[PDB]
Structures are given as structure tokens and as C-alpha cells.
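Peer 1: Next come the chains, spelled out residue by residue.
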Amino acid sequence: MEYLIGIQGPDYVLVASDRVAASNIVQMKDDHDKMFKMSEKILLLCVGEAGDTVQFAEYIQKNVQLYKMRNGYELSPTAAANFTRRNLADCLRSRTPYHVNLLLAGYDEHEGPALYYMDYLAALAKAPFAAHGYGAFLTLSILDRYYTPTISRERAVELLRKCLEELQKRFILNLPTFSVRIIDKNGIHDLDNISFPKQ
Amino acid sequence: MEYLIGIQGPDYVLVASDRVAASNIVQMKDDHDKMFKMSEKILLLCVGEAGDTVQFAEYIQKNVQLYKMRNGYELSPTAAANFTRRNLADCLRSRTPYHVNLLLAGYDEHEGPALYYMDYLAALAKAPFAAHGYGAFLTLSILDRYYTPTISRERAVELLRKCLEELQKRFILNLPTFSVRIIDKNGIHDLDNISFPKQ
Amino acid sequence: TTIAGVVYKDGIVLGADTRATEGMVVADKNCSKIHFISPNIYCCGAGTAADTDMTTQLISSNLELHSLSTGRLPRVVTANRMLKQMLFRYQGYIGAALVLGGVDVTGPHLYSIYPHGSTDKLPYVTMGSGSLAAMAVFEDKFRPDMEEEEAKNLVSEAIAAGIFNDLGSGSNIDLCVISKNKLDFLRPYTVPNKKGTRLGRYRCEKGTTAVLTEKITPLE
Amino acid sequence: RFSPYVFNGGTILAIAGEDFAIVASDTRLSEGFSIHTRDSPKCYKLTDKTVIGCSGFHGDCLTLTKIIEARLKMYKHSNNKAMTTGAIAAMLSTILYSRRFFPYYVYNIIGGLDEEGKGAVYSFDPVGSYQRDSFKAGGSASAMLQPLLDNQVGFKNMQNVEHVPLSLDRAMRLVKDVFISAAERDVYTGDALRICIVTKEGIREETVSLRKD
Amino acid sequence: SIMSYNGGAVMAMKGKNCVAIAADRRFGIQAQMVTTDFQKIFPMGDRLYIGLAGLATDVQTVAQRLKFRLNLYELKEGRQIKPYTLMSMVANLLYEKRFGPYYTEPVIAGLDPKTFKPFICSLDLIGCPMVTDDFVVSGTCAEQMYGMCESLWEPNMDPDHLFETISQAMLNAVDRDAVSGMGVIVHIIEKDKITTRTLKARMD
Amino acid sequence: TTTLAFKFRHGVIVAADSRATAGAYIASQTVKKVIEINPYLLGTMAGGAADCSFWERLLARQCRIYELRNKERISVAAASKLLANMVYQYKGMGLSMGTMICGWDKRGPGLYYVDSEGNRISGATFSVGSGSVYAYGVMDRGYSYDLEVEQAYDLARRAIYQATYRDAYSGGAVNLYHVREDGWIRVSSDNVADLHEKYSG
Amino acid sequence: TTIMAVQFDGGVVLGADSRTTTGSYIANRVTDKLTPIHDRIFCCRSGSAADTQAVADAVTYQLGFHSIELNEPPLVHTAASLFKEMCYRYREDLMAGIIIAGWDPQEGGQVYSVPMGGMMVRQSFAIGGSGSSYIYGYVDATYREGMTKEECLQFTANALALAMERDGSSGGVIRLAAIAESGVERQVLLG
Amino acid sequence: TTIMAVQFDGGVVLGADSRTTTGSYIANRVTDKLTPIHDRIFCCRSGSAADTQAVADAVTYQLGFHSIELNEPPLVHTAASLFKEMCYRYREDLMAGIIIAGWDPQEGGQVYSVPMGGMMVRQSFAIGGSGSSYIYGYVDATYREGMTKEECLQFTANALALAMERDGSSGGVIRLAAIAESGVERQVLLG
Amino acid sequence: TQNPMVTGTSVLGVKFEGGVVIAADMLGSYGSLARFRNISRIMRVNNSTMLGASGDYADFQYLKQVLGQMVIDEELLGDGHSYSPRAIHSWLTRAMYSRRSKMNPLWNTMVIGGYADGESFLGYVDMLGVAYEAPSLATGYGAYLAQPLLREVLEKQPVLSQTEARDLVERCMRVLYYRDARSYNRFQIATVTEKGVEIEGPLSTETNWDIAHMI
Amino acid sequence: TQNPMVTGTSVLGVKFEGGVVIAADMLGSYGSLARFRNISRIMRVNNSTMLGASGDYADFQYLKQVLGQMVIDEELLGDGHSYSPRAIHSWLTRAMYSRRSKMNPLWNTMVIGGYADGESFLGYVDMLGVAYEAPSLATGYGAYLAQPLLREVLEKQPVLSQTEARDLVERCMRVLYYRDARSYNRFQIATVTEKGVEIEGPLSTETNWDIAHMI
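For the protein sequence lines, the chains are q, Q, O, s, P, r, N, n, t and T, in the order given.
So the first sequence is residues 1 to 199, counted in the entry's author numbering.
So the second sequence is residues 1 to 199, counted in the entry's author numbering.
So the third sequence is residues 1 to 220, counted in the entry's author numbering.
So the fourth sequence is residues 1 to 213, counted in the entry's author numbering.
So the fifth sequence is residues 2 to 205, counted in the entry's author numbering.
So the sixth sequence is residues 1 to 201, counted in the entry's author numbering.
So the seventh sequence is residues 1 to 191, counted in the entry's author numbering.
So the eighth sequence is residues 1 to 191, counted in the entry's author numbering.
So the ninth sequence is residues 1 to 215, counted in the entry's author numbering.
So the tenth sequence is residues 1 to 215, counted in the entry's author numbering.
Hints in this document: simulated from the structure, not taken from any laboratory.
Among the clues, some could well be false.
[As the list claims (entries may be wrong)] Per label pair, the in silico range of CB-to-CB distance:
#: 1; chain 1: s; residue 1: 159; chain 2: P; residue 2: 2; range: 50 to 58 Å
#: 2; chain 1: t; residue 1: 37; chain 2: n; residue 2: 184; range: 25 to 33 Å
#: 3; chain 1: n; residue 1: 62; chain 2: T; residue 2: 170; range: 46 to 54 Å
#: 4; chain 1: Q; residue 1: 197; chain 2: r; residue 2: 65; range: 52 to 60 Å
#: 5; chain 1: N; residue 1: 145; chain 2: T; residue 2: 203; range: 20 to 28 Å
#: 6; chain 1: P; residue 1: 155; chain 2: s; residue 2: 159; range: 16 to 24 Å
[Unchecked claim] Interface residues of chain n toward chain N, partial, derived using beta-carbon atoms under 8 Å:
#: 7; residue: 75
#: 8; residue: 133
#: 9; residue: 134
#: 10; residue: 135
#: 11; residue: 136
#: 12; residue: 137
#: 13; residue: 138
#: 14; residue: 141
#: 15; residue: 163
For each residue, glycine too, the CB sits at the ideal point set by N, CA and C.
Chain q with its partners taken away, still in its complex shape:
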């Protein structure tokens, strides 16, 4: 129902989500955040049920920080992503299954930037771009059209703005605002918020 995006660059990862916390007709909150700083180079995006998003993703949030304090150094984005897949699959054939959809964004000092995809059935992937929600259908073929593996970080924002205007046009839900991050060798930088004057 809510939207994610995963534009991967040569030395950067461009991610963005929406800011809607609706309840079945009404829109209770229009500045909601779905971005979880796991560490100093790894973010987390979570889309799913009502309680399963907050309970599981904070269980991962307060478990990667334990690795940092105890061993003195930081997880790689690959090992951090492949630990999250372990916890869904172990807690899938039980009385409490977690129904969330994830995508992970991290930068490595030895491997560069990385992106990982996650299903609600705990399937890992390594994608040059990814998305979730009902808006993933209308927007990814635009991103499949103009993608280049060697693309600058300024054209990626312009490609992100092309990706969101068609979601403003032919998608039934409202979705007015979109927060945007960026991850590089320096860390997580917060770009400006994206809003839409419609008419």
C-alpha cells in the first residue's frame, strides 16, 4: 500500500519512502517516518502490518548496535542483511509469523555501496533497483527505461523526480510528500523533502 524505492549508484545509494500513516479512510499522520538508522552506514526500510513493522525492525535495530559496542567495529551491509533473513525464516513456521517487506541500503569500505531486497517470505536478492507496494508496478518500468549503471547522483534525483510524477498521475492514493536520504563514503546525508503542487 505504501511505497519504497531503491536507486543504486556507482558510489551511492538513493532511497526514498512516503510519509502516510492512514487508517482505512482517514489519514491520521502526514509526516510519518519509515527510515531506521541501523548504523552509521546502513539504513532500513520497513513495509507491512500494523504492529509487525515496529516490533521486528526495532528488534534488528537494537541487535546490530550490540555488535558495534561489543566487538569495537561495525557490521558489513552484506552480513547485516543476511542476519535479517535468518530471523524471518526461523520465526516463520511458528504461531507468530511476521508479515513485513524490507529493503536494505548500505555502504562498505571494501565493497562499496550495496542494495538488498526482502520478501515477506524471507528471500534475499541483490538488485540495481527495487520497490514495494502497489505503486511498485507503475513506477519501476520508468526506472527500467532510463537506468544507467554509471549515473551521477544529480541525475538520479532527477530520475527519482520522473519516477514520482507518474505516481502522482495514475495512482488512486494521495501520497503528497516523500522523504529522501542518500548514503555515501561520508555517511547518511539527509536530502530535502519532496512535495507536489498538483494543479
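Got chain q; can you put chains Q, O, s, P, r, N, n, t and T on it based on the hints?
Peer 2: Same frame as chain q, but now just chains Q, O, s, P, r, N, n, t and T:
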């Protein structure tokens, strides 16, 4: 799902609808019209199923025009509204029930302006204002707050603009454009279209 | 609902009660359950109230059509054949439980009719919800060829056993006595249940209710 | 297949007075379209100042009564005093919620005196929410008694009528009139009327007959 | 249920030489009201009214079908209709839809056209007539209306106290109901005139 | 059932109705739907009577022990989080709970929203209940952060009245609380029929 | 319900219980389970009560009309054919256990069996009803070819009383009937 | 399946068919439906095959262990109690039709009946199985108090053969057994 | 127990002057088949109280096993105490209520008659744990049939002698033979007094069939 | 027909040199009860063709009624023509297919044997209108049991005499007595030749039970 509004004045009827013809995720048409000129002083608004809106409302459209050509004069808005209720109730306990929601807007030379409400179970009403769809919940208490039985036609447009901005704010569907009519002693006049620059 | 009938040495005594309920709320405190058919035949109704009313008026209209064309007194076996042939055609959709009784040239005849169309000639029958209570009074105290007041005492005893069971009545025990020549019909035969008096003051004041708008329209 | 619930009927009435409390109930126990007995009161003297009424499923009424009477003794030898009226209503709410996912089919009304000497009536639901009221009527005939007591006790929808507090003698004839009118239209009500009066001098009882049909 | 889709309450009460009838004003879908001027009492000749309650479709439908048959009756015969005759007419109309039934329960109140004798009756949704001598009620909040009428009714009442009794019976019972309210209109008729009053009720 | 809450410059306003029904039958008209947790915290009742009554009383049992062990009041974000974890363990078993948490904190005002489904969100304005959607429009048309104290009292009193008008499951009285920096204060409690003579006149 | 039919050299012997029940409550305590059609042809019915009473009236209407045209006494095989033409046609609508027996001048005693399906077959002896399953082992170990009339009345009296021993759809009283060339002897047995 | 047990003055007489079926297909054509527990106590089983074989092994384990401790021959009523303690406890899980019979030195011949419910009762004669409903009217009109051993072998042979006449869960071959103070005589009857 | 295999039927009981009489039949029917023609459905508890039951008979042998043990367990103490008939009625209700709470009930309906301290006792026990006291009891279809005959005499005459009570039971047991499909014409009568528990033999009824000669 | 009340069982059939032999038993079972021990399940059509059937027997009396009329209706013309055995197989298939299209089928399974113009004929008719020809046919459980015995001999020897065919049917009818729960030890054998239709009497089998003496 789609929206109607029924602001009644002392000598005018202010009606407006939306212009969306969506298909389950996508929005196929953004200039759709739901306004049916039954005669020179009677409009018709129709909200319902896929085929039941066009098939039934044109059956009423090409049956009031028969009364005009055959008798030389025009139906009153009361008799025209109380004929539409006859056709749902007769065709309700059958194999083909029509599932539409209506509201009728007419002006009379002897009775002045009039508004009628219609359920999908063929229940008539005489209302000072009415609405339909899921947006009828969020907007009518605003219209219940500021309504005056002696209100000018200029304040009614301003009250209509107050009524639609909260539907832009806390309603999950998009609904960007809204066509507006007005009916007086001269006939049906077409006011300007209403659109929304969101941010 | 508790209806019953019996055949004594000269005729037939019928009995019923005076309550119709909707859900578990008493709708009526005085309802007539003994219906006219002919000047010698009566019929008690049980089951769905509107199904028994519209059925007992149609067949009574046909026998008035039949006997006036014939020119003589009707037969109870004719009303038996009309009811069980009609109710079989509706496949038990019309819920009607009837007790048919009357005196012909051949004598008294008592029947019991089920809503699928099965009929039984019996000397004593009970139908209704409290038919289980009234039947135990019969089998304990029935003997063949009773007298007039002996048979009237048995029916009013048997109906009262169902009244002090649930779905009883705001009791007005009804009796219809059919003999060879004399015909009786008694609505207030026994009132065992009384409503207590009201011990409170409920003085409604002339003006203790606010009125928004009045309107006067004379007549002639 | 086996079903664990059945409805038994009953009607319970309570009125909080200025310095008294009146608890009334019928003694008819029924099931379906049969009468088990005509002598089964719903009043239960818990303490010398608190009477509880229990309607609904009768098997849970016999169980829940004996659980409360056990915990009255468990309070006393642990605290060297008896429970108050408000303490029982706080204890009963935890007992009713303790079987939240297999609930008691019991409607409860507690009436009695507080520590100031005034009337107090607590009404309940089968899951355990409560509030203090002035008068409640629970049971099968609950809808037939609440609008009339709003007119007479609460003085609702009345014009130009002073608010005199209800005396003891006027409250007795209001209880005796509502059960006569309720036994006419309801089938789960009749055969007697047990009335318990809780004052500062003890608990009185009184029995008024009704129609027996 | 289907009866609980729009709500409603219709009460009639017999007096000494007069008869009264009252109903609510709220029109609405299951939890959302629409308007407060929905007519539920319809005049069928002078000194004889009818009240309808139930599904709002069949209220407006049966009141037009009964008016269709009444005007054809009052032209083949120069007389007006007797109150017993209308009860047999309505019971015929409901029983024709035996298995497709209308969802309403009519209440008929009126006087005799020759004498002053009042008449009250009510019917089921398939046409079971039921005449009484004190009161008849119909609608969703039926059980609250029995609790008020069994305690307040007196046998021989002037039109002053009869109005005050049916006022307190309607206000205290409908305020206990959730899906009924928003105003109560009361008709009180007699041999000489017809009086219509509206009451000051809770608008919540 | 209709509750609402909004925060502004001078604290938080809490308002609710008092009608509790049972199917189509009104049980009472004097139900106190705003549960007084502490002298510095307030909680609401929206959906389920005993479910909102038990777990907030269990939360008030927990916040007092936190004050004794640490010699300091609990924060507003702490109490809303403890309530969210207790309800989440019974997810899917059939609870109903849509309460709100109000109170002053060291960070200033505090307003969180807790569901039985597991939604814990902050915000500035909220409206919970069956007739909640009738209250969003009339509140947001008059809402501002820089409203006066007497102006904010009339806005919430108006918004409950318009909700009880259209909804059938809402009525009774209109309660009104005010959360100040030191603690909450009861403002008033007005009947709907008294407001009808005031507003329509 | 238990019905019984045994032919012998002269004619046939019929027999049945009464006990018309519903659920576990006896509605009718004494019942004519055997019904005259013609002066020499009876039938004993089983299954639904309202279904079998409607069929037995129509067959009596059709066969009674048919014999007046021919000016001849009807055949027992003719009467058993008419029940077949209604039960097979209106199947999935009726539950009838009709057994047809009677004397005929052309052929003597005959017994036919029409079960709930709609087939027709001639038998020497025939059982039927709900309680007939309990005496199936007794009725074939006791039957013997070449009985007299008084043996068959003794045979069906002991045969019914074992099904009428306690079984909840059976008991009550024994109604017997003997059809021969001379007349029809009907009697009620108790004690 | 049809099982049979009749006591007499000396001891008891058992008997059963074989025909273990499934659907409408015979899986086992000849079958030991009667099972030794002790030297003097047999049981004949009915119901589910896998359920009754598991119970009969456990009772033989428990009763066989119990008599060695007492250094006494066990009682027949003791063995019938052990089937009751398992069938009543593990009801809604088993479908067993156990009939226990055998000679005992203290009491002589005894016959007990444990149906699918779990109750226990002593009887003079006992039937059981699916085909037992067809001979219930024959077995009580033929039984007579004070039979010899050779009459009871004649009695159960005719009684089983009527249930084994054609009925689809029964037939095959007759296995008989006579238990007395002297020994156990088992024989197979055909033709 | 989810499916009652072998069931009983109606059990009667009524007080009189210094004792309680209880009667029931001797039938072990399985559905419509009457499989067991000779069983006892009345249990004699030690000297004052007494039990008859309906419903499933395999469950009745279980309660016959447990109640038989508890009476022996007190008599071996020899402390001059015994179970009152009201104490058996208290224990049996808690046994049935705790059994239905596990959703595995006992398919029974039980009538307890007792006489102690010069006082009669007559108690009812339901499957669902519903229990009360009454001067006359009837289970099954007997609550529809014999129960109006019981309450009719007890309102016109509140107390009864032993011969008036015993004659009244045989009238009600005669009635249940006519219209209960699971009845049986061989029953036994049990009676407590100050002398102790006494159970009569397999008595029979006397029927009338003179209406069979009518049409 | 939605519920078959009284059903039959397996019917066999095999060709030989100048004729077709068909055998079936004489049982009228109702579920598990064998209610009718003496019925005929083979119908002799006029002189060359011949019919045996399985499934519901009340439906078989209907087709016995209709086919009996059509043969009489042609013989009264006397134009020197008759129905071939293939023409009966054509008509009967269209009767069954048109009946299932109304969702009210005839619960039968029919085997048609005929001999005309020096040629044998053996046809199968299903309830669902499935029809074919075969040198050997078997219905019901016989298609699982006797059918492997039929195809084994016909592949090792394609043609058979009359005595070889008749002896082979009695072996297969012996087998079905051992393991079909609806079998019956009294059957009849029908055979067409150039001489016409001939039906033998109620023959029986000869069983072996020597493995019963083993453990």
C-alpha cells in the same frame, strides 16, 4: 468511492462532483463527467456500479424527454424525482437489481429550487444538503457547521471550497478536479472547474 | 399456544387459549383461536397465525359455496378433504396446525391436521406448543361416552395445564360446544389470572410537556 | 455438537436511596419453554451491608457466588476487617476479566451502603466493566424497566416538577408497580417478588406474589 | 436485521371519545442520519390515519399502493371506508407477497365514520390483524414502548391527559433507543377537530 | 463513541461523549470515557469497555512503581510504549482498543495514539471513535496552534456536538479536560440538549 | 413402523403396528396403517405420512374409475402398476414404502412390494418399515411353503410382535386382515 | 462382521464369521475373529481392526502379568474390567465391539458385553457386529433356559448362518469354540 | 463425551411425609434400538441418600465407581460422620461444572433423593451444572408429561403420605409408556425412609386399549 | 436420479465363435442389506440382441418398459426389418447422453450383446454416455477383477469356441463370489447364437475353503 455534494440555496441549487474513472489501481480517465442534463431545469448525478450507472440513468434521460415532446410542457422536479424512485422499487425484487446512488437537483417556476436524495434501496428524501461516497463522512459536518438557510450564491462557492480542502487533506484517494454547476431561474449555468495545487 | 378437543356421548367440545407472542414478548392478551367454518363445524388454529387465518377463511368460503349450491348441511369429511389436499400442494410451506371438529348426519367427527397434509381421526387430540402438557391430562382422565359437564370440566382442566406451562396465556379459557342441535361459544369461560392493582400515583399534569408547534383543523 | 451456554431468564432491580438500598428480583427459573421451579431468588446477602444479584446462565451464577464468598474470608483474616461496598466491585472486576476468553454469562448488580451511610449501586457487564449509578435494572426485562424509572426517579422529560429525593415508602411502591407491569409483557418474569432492603439497622426481606402463568 | 436498517417507532393509543397516534422524525442509514422530516403517518380519509414503520422502501411503497386501492374503493361506492374494512384491505395487500414480503408493520388508528367509536389495530409483516382496546406499538424499540404504556394507561381519558400520556411514553422510550429520535410528531383527532403537535425532544 | 485530542501552545485539550450502547440498545448516558491515570497523565476509552478499563489501570499500576524506584515521573513516550507492548502479545486473539495518551513532559506537551492492532504514532491532532470522522472536519477548519484558551474550549465543545448530531452511537454529555504544565484540570461537563438551545439560538 | 404381508393358498394375510411418531414423541397412538382401495385389494403404507396418504387417494380415484368402465373386478397387478407410475415419476419428492396385496379371481392371492426407489416385484412374503430389519433373520427361518390361513395369522402375529418388542418406531397394537374369495376379515389383537 | 456368545451349564460357546472387508472389497477371506487371552478366557472383537488388535495385546499383557503374581487363575470378570478401563478412557478414539466370555472356577461360564460406548454388563447370551441387527428377532424367540452343550453349538450355528445368509459384511466360514472346565474345543464349520 | 451411545430416559421423584420416592425404568436403548432390556439405573448410596440418573449409561458407571469409593473412604474412618444428601448434591455439581469447562462434559441428568435429620431432600443436577431443589422432579420428556401431573396435586395438597405418593408415581409411569418412544414396561421403585434405602423389584404397568375399537 | 436405492453389481460378457455370452447374478441389494434375493437382470430383446445392466434397478425397469415397446412397434409393421444390435447400441447412447444433459441421469451401466449377419457384437454403455466396443466387457468391480482374466486368454488365443467361453465365465463368476461384498451365489447365463436368445436357469458356483485350516 466517488463524491457528490448538494448545497441548496434560497433560489439556487449548487451541485458538484469529481472527474475520476479509476480501475482498481490506475486512473484511466481524469476528465470524466457524471452530470446528466435531464431537462432545461433538472440535472442528475449518478454513483454506483460499472454498467448500472450508464444503463439506468440514460433510461431515465430518454424518458423525461419523451414527456416534453408529447405533452408540450416540462415535468416538475418533484414529479421527475418521484418517477425515478418508482423504477428502482419495481426492478428490485427481480433477477436484475440496479445498484446506483442518486441525487436530483431541479428548479420549479412555482415551487422554487429543490433537492432530492436517493439510496440504492429507493428511499426518497428532501434535504437542505446531501452527499455520497466515502468522502461524504469527512465533509458534511463542515457543511453542517456553516450552513444558513438564507445564504448567497457567492458564499456557497466559498463554503464549497472549504468543503473540498479537507477532502484534499485527510482522505486517502487523490481526487484532483471537481466540476461545478449551478441552477437558477434562467437555467443551468456552468461555473468554472475547481482544481487543487496541493503543495 | 394450547388447543385441544374431545368427543363426548353427544358432541364435541373444543378448547383454546388467548395469547399470541412475538419472540418472547406477549403481543396479545386476548386472541381468538377458534374459527368459524359452518353452522355445525368449527376449527382451532395453531402455528403461524396469518397462515391459519387465511386458510380457514378460504375453505369456509368454499363450503358456503358448496352447501348453498347443494341445499343441505355440510359434512366434516368434506372439510377434511379440502384442507389436506390444499396443504399437500404447498409442500408444507404454509405452517398450519388445525383441529377440525363438527357434527354431521353420521355423528360427531374430530380430526387433527399437520402442515404437510397428514390427517388423523381421533377421539381426543392436542396441538400447539403446550400440547404435551394438555395430552397428559387426557390420558390420565379420559373415559368413553362422558356427559356434558363432565367433558367441559376435562377440557378446561387440560387447557389450564398448558397455561401454567410456558407459552401459556393471559388466560381466558375458550370453549365451543357443538351438539346435534344446540351450539355454544364461550369466550370468558374461566379467568384464573388477574393483573394486580397499581399502588402508585402517576398524576399526569396538564402542561408538563413542551410543545414546539400546534395546529388546529376543524371538521364537520 | 455440545454447546456450553443456555439462557435462564431473570430480572434484577436496584435503587440507591439517600440512606438505604433496595434490591429486588423474581424467583422464576426457566429454560426454553419449561419452568424448572417457582422458588429461586437471585438475592445474596454477602455482608451485613452488601447484597449482590446474579442473572443469566444459572450454572455460572452458582459458581461465581461461591468464589466471592470464599474471598470475603480471605480478605478478613488477612486484614482483620470486612470489605466495603466499593472494594467488592473492584475485586469482582478482576475476577470477571480473569476468564476474558471464556466469559461468564452473568449480569451483575451490587447494591449496598458505602462508608458514609449512603446508597450505592454498581452495575456490571459479563467482561468486567463497571460504574456507580443511582438505579439500574438488569436481566431479561431490562428494556421494560429503564424508561419508566427515568420518568419517576430521574425526572427526565418532565416540566415544572421539583426534584424531591425519593423516600423509603415511595420507593417501595415504585418497585411493586414495575414488576406487575413487567410480568404482563415478559414471559421470563413472575411467580413471586423477593425484595431486600439494606439500611443501617440490618437487612429486611419481603415477598410479594405475582401472576402464576 | 432488515427491520433495523432505518429504525422507527409508531404508537397508537385509545382514549374515551378520541384516539391518538405518534411517530418519530429521524430518517437514516444504519448509523448515519439523513434528515429529520420523514413522514411516517399518512391520512387515509378524514378522522382515520395510518402509521408505518420498518424498511423505508416499503413505507413509501405500501402507502402508495394502499392509496391506489382506496380511491378506487371510494368512487365505486359513495360512502367512505370503515376502519374494519381498511384492516381487511391492508391484510390482503401484505399476504399477496407471502414469500416476497414487504418489510413494514402498519398501525391503523381512527374513528367510526358514523358514530364516535375509536379503533386501533396493528399487523405483522405478512398480514396478521390484531385489535386491542388500550394501545398498539410497532417499530424497532418495541420493548421500551410496552414498559411505558402498561404503567401509564388509564381506561377513560379526556384529550388533555391522553396527549400527556402518549407524550411521556414516546419521549422516555425513544431516548432509550439509539437508531430512533430527532423529533416526535403527535396527531390527536376527535369528532370535532384534528390537532397536530410536535414535541421538544433530544436532537442527539 | 467519539473522542478527540489536540495540543497547542497552552497544553492539550481532551474531550469525549458519554454514551455507551449495546447493539441498538443504549446502556447508559453517564459513561466517563476519559480515564484519569495519574495527576499528570490522562487516557481515553474508544472501542471495548473493559479492554480500555483494564489495561490502562494496569499501566497506572506500572507508572507508580517506576516513580518509586527512580524518584522521578515517567515520560509520555515511555508510558505509550509500555502500553503498546502489553497489547501486542495478545495480537489476533480479539482485543479492541484505540485509546490515546496525554500529558505534560520535560520535552513539553505529549500526545500519542495506541491501537490494539499495534499502531503507536505521535501527532498534533487526533479524533477516535465511531463518529470520529465527523469531528475531523469541524476541528481542522478551526484549528490553529496559536489559539486562545477560551477559544480552544469552544472549538472542542463544538466538535463533539456536531459529531453527536450526525452519529447515532454518540450523545449524552460532553466532558472537557485541560492538561496544564503542572497537571491536568477538569474544565466542565455540559449536556448536549443544553448546547442545542445555545448553538441554534 | 412395521408392515407385513404373507400369501397362502386361498388369499393373503396383512398386518401392521400403529405408533405414528415424530422425533421421540408418539403423535398418534392407534393408526390404520392399512388402507382399502377396492373390495379385494389393500395396501399397507410406510415412510412419510402425508406423502403416502396423497398417493393412496389418487390410486383409489384412478383404479376405482377404471373398473367401472370395464365392468370387471380389477387385477391386483393392475393396482401395483399404478403405484409404480407415481413413485418412479415423482421420485426425489416422496418417501413411500407401499406394499400391495389382495385376492384376484384370475390369479388368487398376490403380494407386491414397491420400496422407496420405485421398482415393483412379486414376492411370497414381504416385510417393510423401519422395524423390519430386526425380523429378517426370523422370517426366513420360520417360513414354510404350503401354509393354511390359520397358520399365517399365527405367523404374522409372532413376526410383528418381535419387531414390536420394544423398537421405538414400533409397538402399540396389532391390526390384522385376511383377504380371500369369500370376504375380508379384519381384527385387532392385544394381549 | 457378526459375533456370538452363549453360556450354558458347563461353560460358554463362541462363534463368528470371517470376511474382513474394506469398502465393498473383501481384504481377508478367512479370519480369526476370536482371540485367546488366557487358557480359559476368549474374546471376540468387532469394529475397527487396528484398534481391537492393539487393545487385545495390552489386556493379554496386563492380565497375563497379573495372574502370575497371585499364583491363581484369573477371573472372567477381572478380564472384562480391563477392557472397560481402556474403552471408556480412550473413547472418541476407538471403535471396539468386544464381547468377553470364558469359564472360571469360582463362577462357571460367564458372558460380558462391552459395546462401542464403554459400559460393561453380564448377559446370558450376547450378539454383536454389523450383521447382528438381523437376527435379534430370531435369537430371543429361539433361546430357552437350560440348554446342553450340543444344543448351544446347534443354536449358534443356525443363528450365525442367518446373519451370514448374504449380508455384505458377513459370511465366509463359521469358527466355533467351546470353553469348559476340561478344555477348549475349537472347530471350523463349512457345508 | 461428544456422542452419547447408550442412553436412558425419564426419571421421576417426589417427596412425601418422611421420605422421598424415585422411580425409573430398566432400558438401555441405542438410538432407536433397545439393545439392553435389563439394567439398573438407580444407585443406593449408603443409608440416607440415593441416586438415579438419565443420559449416557457408560458415564453413569463411572460416577457409580467414584461415589462408591468415597462412601467407603469415610466409613473406614469411623468418626461418627457421613455424607448428608445435600453434601452429595454439592460435590456432584462441582464435578459437572469442572467437567464442562474443559469442553468434555458428562452426558447425564441426575436426581438425588435423600432423607436425613427428619428432613426430606430432592435435588436436580444438569449436564451444564444447573442445580436446584424442588418438591417434585422429572427429567427428559417427563418434564413435559409427568411434571404437570406432579405440580397439579402438590398445589391442591402440599403434603402427601407414602401411599398417596406411591400411587401417584405409578399413574405417571403409566402415562410415559403411552407416548414416550424410549419407554419400557418394566420399572423399579426406590424409596428412602428413616429405616433406610429400599428398592422394589421389576414392577410393570396396566394399560388400556379400549379406544382401538373406535375408528 | 440423484440417489440409487436398489442397485445391482458386475455383469460379464465375452464373444466366441458365432455368438456372445453374458452372465450376471440375481441380487437386489439396498446398501449393505440384500433385500431382494430373486430378480432377473438380463432382458431378452427379440431374436438377435440382448441386454444386461447394472446400477439402479428401478431405472432398469423403465428401460425394460421402453425397449419392450419399440420392438413391438416395428414387428406390427411386418416390413421385413428389425433392429440390429448396433442400432440398439446407437439409440441407447443418445438416450443416456440426453438424460445427463438435463442433470437428471439414469444410474445404470449397460452391456449389449448381439449376433446378426454372422457377426458377433458386444457393446458398452455408461451412465455418462461413454460407449465403445470390445471383445470382452466387465462392469463395476468386475472391471478390476474378471477383466484381467478376460484379456489374458484373448491375447494368447484370439478366438474361442462356445465351450471354452462358457467355462471361462464360470471361472470369473466364481472369483467375484470370493471378494465382492455384493455378490450372490445364484446366477444365470444368457447366450445368443444363430438359433436365437437362450437364457439358462439359476446356476450356482463351487467354492474352495481349504485355506481356512491354515493359521
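Peer 1: Compare the structure with each hint and give your call.
Peer 2: Status of the hints after comparison with the structure:
no. : hint                          : in the structure
1   : 159(s) <-> 2(P): 50 to 58 Å   : 36 Å, violated
2   : 37(t) <-> 184(n): 25 to 33 Å  : 31 Å, holds
3   : 62(n) <-> 170(T): 46 to 54 Å  : 52 Å, holds
4   : 197(Q) <-> 65(r): 52 to 60 Å  : 53 Å, holds
5   : 145(N) <-> 203(T): 20 to 28 Å : 22 Å, holds
6   : 155(P) <-> 159(s): 16 to 24 Å : 20 Å, holds
7   : 75                            : 32 Å, violated
8   : 133                           : 6 Å, holds
9   : 134                           : 5 Å, holds
10  : 135                           : 4 Å, holds
11  : 136                           : 5 Å, holds
12  : 137                           : 4 Å, holds
13  : 138                           : 4 Å, holds
14  : 141                           : 6 Å, holds
15  : 163                           : 6 Å, holds
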